[PDB]
Structure formats: structure tokens, C-alpha cells
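For reference, the structure discussed in these notes is given below.
Shown here: the complex without one of its protein chains, the others still in place.
For reference, chains read A, B and C in written order, and residue numbers begin at 1 within each chain.
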Amino acid sequence: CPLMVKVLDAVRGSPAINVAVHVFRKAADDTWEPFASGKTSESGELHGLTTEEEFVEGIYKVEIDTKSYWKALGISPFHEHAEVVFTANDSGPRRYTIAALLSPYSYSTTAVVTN
Amino acid sequence: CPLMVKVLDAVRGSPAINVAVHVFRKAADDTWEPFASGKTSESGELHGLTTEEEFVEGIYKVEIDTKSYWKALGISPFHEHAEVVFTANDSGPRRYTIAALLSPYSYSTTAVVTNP
Amino acid sequence: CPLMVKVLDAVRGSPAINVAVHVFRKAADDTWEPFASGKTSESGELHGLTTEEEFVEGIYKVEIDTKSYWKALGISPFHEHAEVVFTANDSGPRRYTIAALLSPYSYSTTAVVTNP
Partner (left out) sequence: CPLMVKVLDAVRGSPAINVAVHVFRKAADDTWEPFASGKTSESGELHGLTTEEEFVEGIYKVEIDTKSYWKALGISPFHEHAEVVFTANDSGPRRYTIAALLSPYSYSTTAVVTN
């Protein structure tokens, strides 16, 4: 599993469950092309987005649909979504976890990249 | 000042100085049209991007060029940039401060929104 | 102003107003002696805690009373308080801004340290 996404809710102190996540890969024409997507699980995680074969070097965007999450909880939010944009780099073996910690008017994102 | 951007460096405990910032507004055809740009000052702040007249309702994107900032400090960071996307002024004019706290493999961002 | 505290509310996107803050300094006997206290203003800021003369070298603790803040907004939060512990002025006087960004089950804190 070369790419995993984990989303946490700082208001409820819980995983952020059933959050839509869309991954895009930058194309040669510099547009964003759909790459993978899903909804976070009961543990706030989304696994199985891609494979080592498909996840080649390039620029990727992970879009987390935070606004719909806050709306569905009856809470007013600031952002349309959280976007995480990064270059995948081969530099020996690699696994990427994109984590996000959500509040209505703030989010934090970190990358945990391990071998 | 209806839109201000403040950027801090969590490695040095300092304002993040000379960080490029580009603001876009979603157009009627769903494209991101350039709206304003600038660079943070020695206080980590960017003022004067727009005016209450210009800053109409819409969906805005604030792109903060974090990668260039880190590379200049000798660090190869994770993110290309930090992007903040939000609807503004849809209940009338507000003042927005977009703050970002930067680390090489993480950032946070928060909005402070006040009613003048 | 050598020590300032700024507190923001990540639920409302606003300054965190009326938050109690207590500052302590570690004494020669390793106890935490009260040093200064106050409450954040309508801008979320607390100024005037100390002076360059009073704010000598030492280990300081800034306790921010986040639990009371949230309970007053109807929220039962996780943390009792947010505590920020740091050595100050050990290379001469500096100006410290201690910032905190609050959510019911999370907080962050960062320091901005400048040399006057």
C-alpha cells in the first residue's frame, strides 16, 4: 500500500468517518487527472487507493471533502475542501501516509513517509 | 483590509518572510482566474491584496508557495504549496485572515473571520 | 512587550476571548512559583504580563485555561488546559509570542521568538 489517507476530527475526538477523498495526478498538459478515490472507513482511513506499479513519480493532489463532512454533522465550516499537493519521489522504497486533522475553521496535514 | 495572509515558520519560531502568495477566484466558467498576489513581509504578513469593492462574493483560492520557501533554507519539503479554498462574502463583507504554520512535512492553516 | 499570548478558536474562526492564562516560573527549589496572569482580550491577545526587567532567565510555564473556555460555549472538551513550558532569555532578552489554536479535542501551540 504505497498511499494511505487518514483523517481525524478535532471537534469530536474521533476518526472522521465517511469523508470523500479524491486523488489526482498532474498530466503533461498540467491539468489534474482523476487517479483514485474513496470514502474514509470507520477508523478514518482510506486504503487501497493505488498499487506500487501505478504510483509512479509525479505530482499528486489529495482532495479531502471537509465541507460536506462538517455540513453532515450540522456544523458550519470555512474551507471548501482540504487539498494536499506533493511530488512522489522514488529514493529507495517508500510508503506515504497523508494525515489530516480537521476543525471547522482550521486543518492540519502531515506526511509520514516510511520504508 | 478584507484579506490578509500571515505565515509562520515552526522550525525557526519566526515569521516566514518573503513567501510568495497567489490568490485566485473561481470564474463563471469554473476556471481559477488570477485575483491578487504578493509576498510576505518581515513580519510574515501580506496586506493590501484587495479592497472591499473588489473582493466580491465568490470561491477563492489562496496558494502559499511553501516549497520555494523551504528550499531556500536548505530543506527539501514534502508539499508543493499550501492551498486554502473558501467561499467569501456570501453573507456580506467580512474580513479574512488566512494564517499558515509551516513545517517541512506538515502545515496547518486557520481562518479568522470578523464582521467589520 | 517581552511576553504575549494569543489564542484562537478553530471551531468559530475567531479570537478566543476571555481565556484565563497563568504564568509560572520555576524557583530555586524546583517549585512552580506564580509569575503573572491575565485574560485574553476581544482580539484573543494578552499583553502586559511582565516587563523586560522582571522577565529574567528561567524556565516558564504558560497555562491556558481551555477547559473553562469550551465549557462556557457548551462543549465538554478533552484537555484540562494547555501548558507551554520553555526556557526563556538564556541568551539574553528576547520577545516571546505564545500562540495557541484551540479545538475541543486538540490544540496546537507555537512560539514566535524575536530579538529586540
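Observations, loosely collected:
In this section, a contact is a pair of C-beta atoms (placed from the backbone, for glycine too) under 8 Å apart; a residue touches a chain by one contact, two chains touch by 3 or more.
One of A:10, A:21, A:46 or A:85 touches the chain omitted from the figure, and that residue is A:10. Of the options C:17, C:20 or C:59, the residue whose C-beta touches the omitted chain is C:59. Think of the hidden chain as still there; on chain B it touches residues 9-14, 78, 101, 103-106, 108. Where chain A meets the missing chain, the touching residues are 8, 10, 13-15, 99, 101, 108, 110-114.
Although one chain is not displayed, its contacts with chain C can still be listed: residues 59, 78-81, 83-87, 103, 105-113.
Note that only the chains that are shown with their structure count from here on.
Annotation: 20 Å between the Cα-based centres of chain A and chain B.
With touch defined as above, residues shared between interfaces to two or more other chains in chain C number as follows: 10, 13-14, 101, 108.
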